[PDB]
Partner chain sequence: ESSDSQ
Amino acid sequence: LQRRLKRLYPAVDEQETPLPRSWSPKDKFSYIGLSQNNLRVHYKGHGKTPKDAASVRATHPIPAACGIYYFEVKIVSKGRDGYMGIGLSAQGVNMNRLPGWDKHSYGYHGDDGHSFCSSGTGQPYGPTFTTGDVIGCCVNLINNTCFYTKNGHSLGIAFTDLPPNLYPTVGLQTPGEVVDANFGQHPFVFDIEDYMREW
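How about the structure of this chain only, in the form solved without its partner chain?
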């Protein structure tokens, strides 16, 4: 019997740098609700406009000693419009936003498939995504890059020159949106171990 996070991240001393295992009940915007042992994220805002965007960060930033880090998000419901972003953010970045809208945050959004790099204009990146889809986010801490995956297959490199100490982040914007995180306690759809083996 292997311990899943210890197999994935053998060099990480969690007494020093704990791994993110769930969403933070404190480090989140008021419009985000949590359920399922803090793994399920529910939009509970007004949903009318971008001023109602709402994000949540994981409990802990990604330890550098992971080497390569990975998490997956299942779209349980796209709600009204599926304005859902998945990515990374530094400590204290404004959470009344979708990931990538503000500096020091990075996102891939489901409605347009665009990538959003630290407040930069949305760029074509990947496919759209919606109810049923699994989207993964892989951070290569060694070469400072991030790429996403969709239903087990890799997309391209999204971001380069990434700073460290980033937190897994999801943001939602319309009523009924619901997503579930896998931080490594369930098998991943993407063959992350195959990617890692080469690093």
Second form
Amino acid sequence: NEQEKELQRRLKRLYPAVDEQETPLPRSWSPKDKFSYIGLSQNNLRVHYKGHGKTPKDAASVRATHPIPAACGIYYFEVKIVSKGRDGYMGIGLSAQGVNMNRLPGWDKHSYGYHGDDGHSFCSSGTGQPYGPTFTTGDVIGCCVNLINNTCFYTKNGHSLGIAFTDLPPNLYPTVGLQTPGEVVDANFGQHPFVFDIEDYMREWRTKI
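For the form solved in complex with its partner chain instead of the form solved without its partner chain, what are the coordinates?
Keep in mind that what follows is only the chain, not its partners or any molecules around it.
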């Protein structure tokens, strides 16, 4: 209950205009809205690959409990790479409701992903573009969404990686995708301080406009 208190306070301070009785915020991963090769633990914050990992389509995604409400203005979550597992084919991003979960985020239409093995961004296309560094065990990857201008940038270990996507649809869900055994990542939807100084970013952006 002290965890829940800190979460509540952080959501309130980052998203002052959001009334969760109207738009609940994503606070964990959805046990229903995930592929079968995904397992959850640690109050549904920890994600692990539990497929045998030798099919032609091993990829598996999970969406958070709720889409990001526009009233956030700017939204932020971070994912810690607990374990890169076998190959570290891990994607972090966003997807609309109902998008195929037997995939890494960004492969399908209305899905957006930044993958750790190649550092590429994936924007509704199975073919990535060079975007950022690779990432692996120990790294923290952040995903910042601007609901006002429909753009998204990622961060690595506290550092912005520049805009990755524009023309984002509304009502996107935080999403992670894993593909190989041993892959384990943790979501911070606000339960903990962020590595990236998101408050400072939000301050500067509201200044810039």
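Each form is matched to the other, and the largest set of C-alpha atoms that superpose within 1.5 Å is called the rigid core. Positions refer to the first chain, counted from 1.
Student: Let me spell it out: fit the two forms on their rigid core, measure each listed C-alpha, and pick the one of 49, 37, 30, 160 that moves 2 Å or more between the two forms. Which is it?
Tutor: Spelled out, the residue whose C-alpha shifts by 2 Å or more is 49.
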